[PDB]
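Based on the hints, put chain A with the ligands in the right spot on chain B.
Number of protein chains: 2
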Amino acid sequence: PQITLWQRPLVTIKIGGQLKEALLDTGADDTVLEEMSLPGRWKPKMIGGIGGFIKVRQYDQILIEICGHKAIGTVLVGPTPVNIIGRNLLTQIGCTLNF
Amino acid sequence: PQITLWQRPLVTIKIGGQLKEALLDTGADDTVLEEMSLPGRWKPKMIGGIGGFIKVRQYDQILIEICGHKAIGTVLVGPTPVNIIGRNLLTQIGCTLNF
Ligand SMILES: CC(C)=CCN([C@H]1CNC[C@@H]1N(CC=C(C)C)S(=O)(=O)c1ccc(C(N)=O)cc1)S(=O)(=O)c1ccc(C(N)=O)cc1
Ligand SMILES: [Cl-]
Ligand SMILES: [Cl-]
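Chains B and A, in that order, give the protein sequences. In terms of PDB author numbering, the first sequence is residues 1 to 99. In terms of PDB author numbering, the second sequence is residues 1 to 99.
Next up, chain B with everything else stripped away, as it sits in the complex:
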């Protein structure tokens, strides 16, 4: 699809069998979701914004479907202001910016 930016580009994702709403964020290197349990191994990671770093859990090689497109990759879980799909998975579904 083509998605315009007059509103927040929020789309439905499916992860762990659950549907969630997440923001397509080309400003985000990584994908960060609110607290949830995911199967398999994880490790602690720090990621940061303009005024400091936060702790998240890193889960690798996770299946996630974004607006119907499949991705398998790293998902961070932690206290994010909103579920964010960042470039690690935007690249997987073939997303570009166009004008």
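Just so you know, not all the hints are guaranteed correct.
Stated by the list, open to error - Capping the alpha-carbon separation at 30 Å, the derived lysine-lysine pairs in BS3-like fashion look like this:
no., chain 1, residue 1, chain 2, residue 2
1, A, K55, B, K45
2, A, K45, A, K70
3, B, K70, B, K14
4, A, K45, B, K55
5, B, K14, B, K43
6, A, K55, A, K70
7, B, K43, B, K70
8, B, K55, A, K55
9, A, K43, A, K55
To be verified - So the derived label-pair ranges between C-beta atoms look like this:
no., chain 1, residue 1, chain 2, residue 2, range
10, B, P81, A, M36, 23 to 33 Å
11, A, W42, B, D60, 38 to 48 Å
12, B, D60, A, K45, 32 to 42 Å
13, B, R41, A, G40, 50 to 60 Å
14, B, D60, A, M36, 33 to 43 Å
15, B, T12, A, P1, 26 to 36 Å
16, B, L63, A, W42, 45 to 55 Å
Quick caveat, the hints were computed from the structure, so don't treat them as lab data. Just so you know, even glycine gets a beta-carbon here, dropped at the ideal spot from N, CA and C.
Chain A with the ligands only, in chain B's frame:
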């Protein structure tokens, strides 16, 4: 043009004819610029991201040229390490997300 997401979508912008690097950020509602001395009055504002909130100066009706496309609107000035072009101006240049 088409902006890939293999790397951060950094492009050249112009403000006052001065050229700067900026990130095209579909996760940002508004545009956030590195500290610079814009003239005139501004309004205090707080914006939040992972980590928390930072104080910025809001300037209205500011012209920014984005790869040759002139947008005019609100910009927020603060200690960011990188200029961020948000939806408020991305919409004006006809920018979309496509996959
Ligand atoms: C990329 C950058 C450095 C800054 C741009 N900002 C976020 C928009 N895209 C990215 C950036 N962030 C997301 C926050 C929101 C969508 C509310 S964030 O917290 O810095 C972040 C940092 C790291 C990652 C990562 N490792 O993947 C993910 C995200 S922001 O926090 O200044 C910002 C906040 C608010 C506004 C607004 N209200 O108008 C506008 C901008
Ligand atoms: Cl990944
Ligand atoms: Cl505006």
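Hint numbers contradicted by this structure: As far as the earlier hints go, not one is violated by this structure.
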